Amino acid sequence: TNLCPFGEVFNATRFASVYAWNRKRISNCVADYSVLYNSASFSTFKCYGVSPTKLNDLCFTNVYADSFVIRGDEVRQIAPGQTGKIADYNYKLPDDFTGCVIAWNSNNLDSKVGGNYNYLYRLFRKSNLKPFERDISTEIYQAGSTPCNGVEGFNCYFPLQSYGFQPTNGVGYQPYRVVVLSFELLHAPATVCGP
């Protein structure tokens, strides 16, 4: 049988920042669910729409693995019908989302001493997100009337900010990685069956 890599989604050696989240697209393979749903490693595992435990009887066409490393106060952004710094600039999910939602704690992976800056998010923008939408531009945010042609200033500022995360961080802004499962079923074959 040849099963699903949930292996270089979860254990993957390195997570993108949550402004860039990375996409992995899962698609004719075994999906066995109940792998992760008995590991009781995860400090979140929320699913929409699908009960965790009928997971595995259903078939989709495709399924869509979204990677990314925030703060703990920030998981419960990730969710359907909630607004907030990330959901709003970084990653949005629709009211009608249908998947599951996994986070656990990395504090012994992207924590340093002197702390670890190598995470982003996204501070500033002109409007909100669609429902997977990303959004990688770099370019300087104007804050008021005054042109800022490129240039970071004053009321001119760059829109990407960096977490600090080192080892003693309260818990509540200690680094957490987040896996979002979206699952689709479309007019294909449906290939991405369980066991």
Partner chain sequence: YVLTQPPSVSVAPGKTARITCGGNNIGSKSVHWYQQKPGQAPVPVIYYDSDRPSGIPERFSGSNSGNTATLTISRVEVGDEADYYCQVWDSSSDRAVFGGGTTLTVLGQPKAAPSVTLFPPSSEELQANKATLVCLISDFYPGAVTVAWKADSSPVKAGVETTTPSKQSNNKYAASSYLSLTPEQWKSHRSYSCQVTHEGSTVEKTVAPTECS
Second form
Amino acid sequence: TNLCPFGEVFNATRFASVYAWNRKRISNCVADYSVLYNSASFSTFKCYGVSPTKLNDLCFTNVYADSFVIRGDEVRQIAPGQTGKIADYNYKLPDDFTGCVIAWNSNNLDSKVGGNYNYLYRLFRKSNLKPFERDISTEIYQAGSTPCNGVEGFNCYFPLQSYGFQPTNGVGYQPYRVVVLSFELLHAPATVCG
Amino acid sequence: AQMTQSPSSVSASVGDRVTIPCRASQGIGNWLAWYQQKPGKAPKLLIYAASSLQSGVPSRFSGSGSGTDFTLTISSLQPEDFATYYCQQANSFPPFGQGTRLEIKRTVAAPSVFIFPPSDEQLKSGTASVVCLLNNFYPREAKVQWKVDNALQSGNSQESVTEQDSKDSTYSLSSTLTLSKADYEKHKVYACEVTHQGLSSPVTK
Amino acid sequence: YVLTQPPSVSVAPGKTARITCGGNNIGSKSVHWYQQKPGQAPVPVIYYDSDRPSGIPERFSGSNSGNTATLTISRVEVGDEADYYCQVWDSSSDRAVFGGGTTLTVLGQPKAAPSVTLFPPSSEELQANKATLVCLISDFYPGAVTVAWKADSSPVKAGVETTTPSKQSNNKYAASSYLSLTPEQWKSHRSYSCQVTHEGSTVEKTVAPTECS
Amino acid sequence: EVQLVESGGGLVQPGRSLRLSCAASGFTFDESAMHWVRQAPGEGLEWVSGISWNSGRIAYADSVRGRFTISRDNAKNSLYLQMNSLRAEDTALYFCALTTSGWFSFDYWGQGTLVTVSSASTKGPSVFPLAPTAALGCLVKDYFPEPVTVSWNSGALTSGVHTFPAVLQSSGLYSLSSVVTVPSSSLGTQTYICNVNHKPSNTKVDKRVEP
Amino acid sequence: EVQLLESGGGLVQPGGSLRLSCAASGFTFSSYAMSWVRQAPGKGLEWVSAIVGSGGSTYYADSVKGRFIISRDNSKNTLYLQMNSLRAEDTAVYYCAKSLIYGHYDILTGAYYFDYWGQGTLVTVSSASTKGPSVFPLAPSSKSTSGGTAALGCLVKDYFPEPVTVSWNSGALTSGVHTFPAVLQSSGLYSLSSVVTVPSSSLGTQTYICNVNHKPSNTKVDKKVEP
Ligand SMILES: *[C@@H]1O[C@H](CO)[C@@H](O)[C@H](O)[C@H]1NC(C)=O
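Switching conditions: you have the form deposited without its partner chain, so give me the form deposited with its partner chain bound.
Then the entire complex follows, led off by the chain already shown.
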């Protein structure tokens, strides 16, 4: 009958990188999504299946909350059936997605004069991720036929790449914090609703 | 190391529309604050994000500018608006610097310069101080250059100036010369030379 | 996936025009609106529900909720005559489904008088053993063209081609008519006349088989 | 500035193949997906094909699967579409559409190229001047198919020029007329020439108007 | 009402230690970055140090690295500044301030505007003993002033600490009097002057005494300014 922490997933001080997106499991809840929808601060609030009005009056076994920070123009790639950097190599959603995607600008918190390089993203990979797959390996990427043994140089690049966050960037270039909710149903008494 | 630059002084009269220019280091973008300070008192946030009026602040204050050229404008100057104004880059805590002094405009008036030799009693203590007044002059910037035997003095002078007088809208200056009675016995060419705008030529008393 | 749009929408100038794009559970997808002015490539006015691309005036707004999307144009001007399409990307089968178009006709637009000019066949065409009459129409903005041909008063209907009037960037429409005939007929009748009837008003041009030395 | 160019379209009879090329310039072609879109003459837009940012995912329409092949080459920023076994209903204008992020929408469009399929043959157009404050022009007669490009003063004049839409005659052939309005003061002094360009017949004809 | 109440300021010898305190109220303290700003006499504001809401990232001005530590007790809504190895030039008024925006995690990351400010404590680093001033005249000789403008005065020299209060005839001579701001001599003692511009004719024949008053040392001198 207690309120589980939507504050520790939305108002957390520091967010994880996109290639290492944070996942939290939410169970045994009474949940009021009305304040979430009426916050009037999210630049993007969209989801698929359940109507954005009927989340509270429907019961789920448990929820998964993923959080990360990406570029603004890349927020479009967080959707089922997408392609690109994030949708292929970093964070991929299944076609039959159910949860809701929320995204808001965080320029005042994640951007500094000179360049904020703490956030990384994967750039080179042999294949595409399966849905909900996380890869944090930092093995060297071999593009050519030369079997380089962990040396960065000719035809061998470090897969992870940093991005510079400036206060002078365009609105589509500025950092955006993204939270994705996924409700799942199994042979469970559906403890999460209210 | 400071990140912003605005002029040392701007002169204005009640009612006036006043603008203060500010040039920032590149790469600040939006993150520019304006702060007001009355002397001795804590500074007050007037404008943030270069153009947002802070809560509780009078609407006559407004901020504009893009890139590296910003400007604070005060549409209808009130008497309580005379203060020092700072433009401040809102990241990595740059130093404030001299800011912009917002003072009252007034016709240029030259200082009534006076010269005062050391006291009898102080020369009994073994030290001597020479005082050169500068009374009621409008353009605050001034030069006062002591001359011992027609040679220029350095590092032995201390100045202090009053805030703009409420009544006559002028400034005053005092300059003190420090001398021991041991070094005070090679003397009797002791002059104060004021280089001031109100004077066509420098004056010595 | 199937999308539904009204075939045509007409609004008065200065008002707000509303275009609806239907669909089953369209609120679980992103709807993109494209405008296509005649004789031009489509450009996007709004994409991803309500986002506006750079350079698009703030008069365009969009909404998506339930089973219908909505495109709203505030203060409809005259330079908004175009076809509007709604696109939805169906990710279940990995395809994109378009709408069906919705013409936006702005009311007002006072009636104009068509300008007609006829060109006699040139010499080299005459030496080619053929003759053509090139009765040509100009600006007007009702949709109506009726062309009649006469030879010395007698009506003539033989090999007359008329194109459907087309919209112009200037709104005013344009049309053309062609009359093909052998030079024997052209050197036989004393005159030829092409007339256009336009909501009662008849504008005619006459050309006679006369040429200088 | 983003600028997309299309090429490779013309006249071909059903059964054979055709290759369409799209050239991009002004953005990061290495990180953007591409689409081939189709518009029938006087009809709504129809999506044909789409390729992702690294040739990983490729999607085709239900009515063109198994006959079309989309490909991309990032070395020279090129997009290729191979069309085989073209039926009759493939005559339309083809657009090379760009998407900046993701591959759902079409952020930037090209000018498009017309592709016509029929059991006919091309024929060179016939150009005839028209003897004229005043208006003078030149007529293009009996060509096939679209398009025909008309220029005046080799691409200099831009005032008073009007080109009218073509007319489809009873024999299936095409004709149009282009005119220019000029002051009558320089009627007998200034020289005026109109140039035609019919790419399918590879014919360029220059004519001069003088009564 | 947001409030920030400062305490702990005072007088300390070179090398000493002082702890400043900034009690906070009217907001969720633990969510805001906070900073210490100071103003030495005759200089401009400078950021001493700062700290994010959690306490996990802090900034120091170069002149005080290794010598000052900033900290907070979020339980008690209090910010601190432990000051060690103080130097003369650390003498200033210290303000504490609150960040407008909430939620910073790194002190160099984000935008930092300060909406609320405390009143400030004075910190004095000196090894001067409490001492009363000496008063000297400012030469009211009749040379060069045979007209209606004449300048005289007193001279409050060699006192510590501040302040010094000057009156002329117990507040009866208000117009024309300018008490200068003091200055810190190299001896570590303060000095200023109190000049009065009087019509030289009579305006009260030699009816002028300067009422110097130095509360710290209990010194009161009524000096008459005669040629
Ligand atoms: C985060 O904090 C703000 C400010 O206290 C509050 O308005 C908002 O509701 C919080 N977020 C959630 C998910 O409760």
